[PDB]
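Between the sequences and the hints, there should be enough to build the whole structure, so can you do that?
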Amino acid sequence: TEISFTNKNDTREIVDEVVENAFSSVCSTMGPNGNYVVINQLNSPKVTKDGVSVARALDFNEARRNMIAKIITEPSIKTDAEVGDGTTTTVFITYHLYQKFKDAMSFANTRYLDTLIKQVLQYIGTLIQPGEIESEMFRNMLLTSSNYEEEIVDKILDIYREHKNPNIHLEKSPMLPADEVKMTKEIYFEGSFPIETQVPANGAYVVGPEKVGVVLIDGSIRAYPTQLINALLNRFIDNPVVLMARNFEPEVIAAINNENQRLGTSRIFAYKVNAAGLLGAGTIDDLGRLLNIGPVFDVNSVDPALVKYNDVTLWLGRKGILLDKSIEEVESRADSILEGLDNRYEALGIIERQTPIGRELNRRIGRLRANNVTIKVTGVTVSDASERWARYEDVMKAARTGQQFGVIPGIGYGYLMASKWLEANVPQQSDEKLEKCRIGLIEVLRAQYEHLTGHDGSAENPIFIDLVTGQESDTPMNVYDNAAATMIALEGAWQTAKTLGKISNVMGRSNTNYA
Amino acid sequence: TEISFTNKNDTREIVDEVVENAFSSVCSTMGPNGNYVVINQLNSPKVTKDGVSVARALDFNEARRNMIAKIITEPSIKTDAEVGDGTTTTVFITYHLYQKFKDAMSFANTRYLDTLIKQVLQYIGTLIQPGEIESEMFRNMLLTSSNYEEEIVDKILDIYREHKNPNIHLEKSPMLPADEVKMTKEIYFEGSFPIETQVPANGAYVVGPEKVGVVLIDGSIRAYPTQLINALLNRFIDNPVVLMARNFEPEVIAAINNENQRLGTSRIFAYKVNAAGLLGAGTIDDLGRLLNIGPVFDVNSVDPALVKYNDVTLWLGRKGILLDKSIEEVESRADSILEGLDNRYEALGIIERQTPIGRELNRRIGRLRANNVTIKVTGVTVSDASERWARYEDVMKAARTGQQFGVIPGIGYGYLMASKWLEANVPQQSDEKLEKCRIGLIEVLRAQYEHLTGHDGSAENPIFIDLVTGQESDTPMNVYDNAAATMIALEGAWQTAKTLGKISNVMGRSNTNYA
Amino acid sequence: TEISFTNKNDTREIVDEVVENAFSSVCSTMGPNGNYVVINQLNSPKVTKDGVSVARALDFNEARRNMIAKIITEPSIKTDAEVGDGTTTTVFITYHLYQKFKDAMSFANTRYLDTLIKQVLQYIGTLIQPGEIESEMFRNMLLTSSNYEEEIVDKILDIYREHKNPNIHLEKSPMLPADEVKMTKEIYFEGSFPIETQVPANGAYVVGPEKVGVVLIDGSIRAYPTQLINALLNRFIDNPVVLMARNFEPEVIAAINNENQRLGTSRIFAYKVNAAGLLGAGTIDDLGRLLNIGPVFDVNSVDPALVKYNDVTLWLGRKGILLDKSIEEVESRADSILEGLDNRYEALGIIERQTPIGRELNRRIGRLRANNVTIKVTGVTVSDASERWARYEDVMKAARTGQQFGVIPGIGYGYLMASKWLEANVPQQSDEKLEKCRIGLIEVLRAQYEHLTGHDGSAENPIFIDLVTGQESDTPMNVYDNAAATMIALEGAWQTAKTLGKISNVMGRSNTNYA
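Residue numbers (this note's numbering), protein chains in the order written: chain A, 1 to 515; chain B, 516 to 1030; chain C, 1031 to 1545.
Bear in mind the hints are in silico, worked out from the structure with no lab data behind them.
Okay, the calculated bits of chain A under chain B, using three or more residues with CB under 8 Å as the criterion:
| id | segment |
| --- | --- |
| 1 | 23-32 |
| 2 | 35-41 |
| 3 | 54-65 |
In the DSS-like style, the derived pairs of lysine-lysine whose C-alpha atoms are separated by at most 25 Å in a straight line are:
| id | chain 1 | residue 1 | chain 2 | residue 2 |
| --- | --- | --- | --- | --- |
| 4 | B | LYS593 | A | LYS46 |
| 5 | A | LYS70 | B | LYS523 |
| 6 | C | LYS1079 | A | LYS78 |
| 7 | C | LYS1212 | A | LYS272 |
| 8 | B | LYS633 | A | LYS49 |
| 9 | A | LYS78 | C | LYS1076 |
| 10 | C | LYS1079 | A | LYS502 |
| 11 | A | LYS70 | C | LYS1079 |
| 12 | A | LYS502 | C | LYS1076 |
| 13 | B | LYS585 | A | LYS49 |
| 14 | A | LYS100 | A | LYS502 |
| 15 | A | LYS498 | C | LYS1079 |
| 16 | C | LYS1202 | A | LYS78 |
If you anchor each label on the Cβ, the simulated ranges turn out as follows:
| id | chain 1 | residue 1 | chain 2 | residue 2 | range |
| --- | --- | --- | --- | --- | --- |
| 17 | B | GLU686 | A | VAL382 | 36 to 42 Å |
| 18 | B | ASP826 | A | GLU210 | 37 to 43 Å |
| 19 | B | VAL817 | A | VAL206 | 22 to 28 Å |
| 20 | C | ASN1287 | A | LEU263 | 42 to 48 Å |
| 21 | A | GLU17 | C | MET1537 | 35 to 41 Å |
| 22 | C | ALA1284 | B | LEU748 | 58 to 64 Å |
| 23 | A | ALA63 | C | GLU1181 | 42 to 48 Å |
| 24 | A | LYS433 | C | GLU1092 | 41 to 47 Å |
Using N, Cα and C, we set each Cβ at its ideal position, and we do this for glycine too.
Put into structure tokens, the structure is as follows:
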């Protein structure tokens, strides 16, 4: 009476049974007719539209089926961690791609389930209209709110109606007043203590003096920098010689004793710059001599720790420069704006498709060009402070989509036009009948539109393709237009449902060990 | 144990066996022929009638049915927490609104139905009798007791004759002579002890107000002040240092009972205030600048007891303060009521309609005015004393609601002026077949009068003028007039039973987890 | 608890349902149509491929099937505990050799079968193409990642270019540029504390190596060495006295913490070296007589620390000793590897065949040589860093089995040169009908080639030259070449699955006791 094998047709019909009451439990809440869910709690029951929480609480008892449902609810919440909404599109279209019950073999019907999905996503990336402005965010807030609290809508429209994409903070407020939207002058990215004797202060990590000798190195200085016998002697008794690096902190972190315990009364520093990117030669350039903090150091182990050229006290600039838990500069003169314009034209370049890989100086552009927005909410009670906090943090991610990525026209419109592309791009009977079957089944991208707008009428999947859906058209019996869900959900959540339409059928057992 | 997935028809028939037998619970207990309900205790039974103590106790054993009956009954006890009655009308007419169950496809006739019900409530707020004077209130007291005792009848009218809107209280005493009218100035608001060392008393907790130096935190104390000892030491025997705090005390109290109970041991108070409202900042202000608490402190926790703003100690006015389980006053003389309650009396211009914005607000702000009459019941036996005890308890609630919420012609006269108003209808005659069927079933607005007389009979729709509105009032089959219900019941019951007929058929499933 | 003498057909049907479902467990994870297995934990699931971690977790509920399937899976984890790959061929061709199951009367046709399979093993070991240069090892690395990154193909082969069999070690970092080639001389072996009082340090346990006087009672000592105090007193501050033994220490730690931690309290070490091997006496010898540990001492307790053989303290050569959780050294300069390891290097003339007795031996004895390469893998995020982490871990193992154990052309090419060698057979046409049926079913170890590529096709013994060796390689119907399984899979797995298809069919009952 315990856990076991299941093999095999006792686990066809135990994963044809959890991609049934997860499909018909989150294709409930799709649409305008949003059929609710009563999620049990420890407390009184929760009542939801929200597909995130339907995904979280898909909790059976028989540990075979809970063990299975943990690998279907995983991309449904991964899309939530990315954008926040699109959960009920992942866990929808992972069932309408689970008509690969039988066709799990490699060659024909995953080469035309890899290349075919590549060509469809190429065409969808062509289809993306730039959803950026606040009359388009006006169209966004029509649906991205899930009609709960329009005060948070007013907040986020005040956010991206005001200055362009600053550091949008994360801060609760379970006290009653003060929806707070404030701006500072603050640039903030990573550099902290290896040892507490390396930062100028240790209470609040403020710099001691202004205009200090602060030398900058970007990459790995692999000279094992205990060599500080003349490079440190340039400012031997003078000032905290603040040296920056990458996360290259080898065993020389114990060899900091060559100044800490040994000779050298200065206050040497050696810790990191930003995380893994191609962005090393600019991530020191925006810091240094372009805005007068330090040298624009070429990404190298050059200028070893023996001797520098010379470090002087006056090596900073007349602005707010303090190494903190993550370093602070205030009153940036021009090069923040210069790299902001650079990555602004770069974010004019690719954003039609918006491949993030190759772009993401724009992670710090916004932390660097614009300063900051510190925020607080109006939590009337700690519980719904947490609730509208959760939705508050959700909708600013949709604001991130509407600023960094764009907003495609409508929900099924990106599939009733990306199924035109299965007649435009190669619709032939290719070299396998499985391949012709598989273009006939990627013609069932139409089902999202179909099941969505045919809840209330009508589910006319061949008729609405060519001319009725266009543009912004998931045609109701209201206006036929002016409805658009976002971009990264409709595309990235589609791809991470291809991975579970490819896995949760190619599964065939369920075993037990404990590591 | 197996709390699981129900799917889905086993959530049609987990809610059609909650709403239907919840309906045959408290559809009989209305009207004249009130068939009782035997609530168990964990001891011997308690036999009762009204849907208050039945809807407390609609307790199936199962964790699915308890989950479903936690949403049909949360309006049933929030309704009489709001006023005192309207529960059984709520959870009756939720079943007669849950023949919308069959029309689960609803979004076409939910924009229609919910705006229609707004117009119906507008017509109910056209059918008003603002009964505030004792003209027909004499008939109400005459009818609620069959003129049981002219003391019990006319004594509360004599209280309303001179003193406005009192807090009425009653006691027992085995004695014959006249009842103890006690117009004594005390106003109820909240405050008690964190630790017994905080209060100057321990029997009745009564503070001893002299040179009372109060520092005010009106807001949610969220800045976590452990530094509340410096002005305490600066003000050790110079004043009884009173910090006012919110009911949200954080766990800094674990860092206060070891700090301020110790050295630095002045007469320190730091505990709760009432709930989050305008008199949350008002009960600390009317006794504040006027009668020695202090000026307006914002809803915040800023500037702790390092040092006070002002050392306001000797503002001891024509007042009395006594800390208690809930701190109250004795004989205040300042313009505590003239500050804000006149604004609430002109906000009682809404009492024509008496919109829900206000039904909490002006009862909370306005009914904390003045003298509160506390009497003792008499009676030459114990049994008749208990009878007039319970009957005076009955009559004071209807008197409070008549002062507070109006007195409408009830039984179905509200609903069957409404259904006549929807015969010569809201002038959009429904062309939509969904909306035509739905206006045919909002002609089952009649069912409350229909079932209320159909305990004996009979209400049919051409039998309006005969039995419903013959004779032109609330018509029991003796005298055909002289009955009245409270107006807020057949307003708010109709509202929240629409928001329980909108749920419970747009409900589809039932999961489990503990968050 | 009712496991006792099953009889007997209820122990033919306890292995007919163990080899069958352990066969459909891991004959699904083979080939191109890689049909995963969800291994549970007692936690959340893991979804895997490799028969390593399916054969770990084949765990029936019953105590009979678990008992039986601990002998079909125990050589399946031995086979890859020797190397890393070869599980599925073990626990696959043991099922295909379970057609002998009906010749349980065997001693006529199992004398013959090990004269046949010995000749097959000879013929498989005949046709090996051991890649050691990077001509077709370029094809191996080019094919094992679909040429993912040519830096990954070039970099692992460039580490193998100069240094003989280095320890490939790889890390993650948030830095992108050129990776960390570290040919660093350290020699790993095991050694830790029996009690914390034995180690001179406590943070990193590092010894303080000077005048290092080590005595060796090196073997599996049962003699309970509590007698270790007299030469300890003779060598109290004269040296850091170290005892070194095998893994077999007795429980004399009670006679250590109370005697040698106590009076007679020199810097005493007494703990293990690695498992049962000649370099268990060898890394203590070449770092001994050459680099200050001591001479060889075989398993005895003669000369304990009553009095030593030799007092060898100041023989500190060009090295660094460091005790740790496992004691190592850094940067030897004496020709300690030339003392004994060069003998096994000239005994690596076997590596043409590289017999299994030898695949344990000469790899266990000789691969403690020199540099261990410690690099880091990069990525433009952390996600792709983990991706090419996993793929880099996939490339180092295939290059390891290229360099270490030789390479044979894989998929079905090995066993269908074997079936060629058994059609032009051991030229006895078996006049014994038992042995004629036996070669008639050992020519049906064409079945691996069939149940791998007959998913697509095609396997018939007259259709050797057409599709099996057309085109002349590993021939699936994509490219007809460019694949290579490791040698040790299709030779050592073939061996131990013959000796599990000689067990499990000469099985006749299934008892129980407790010892």
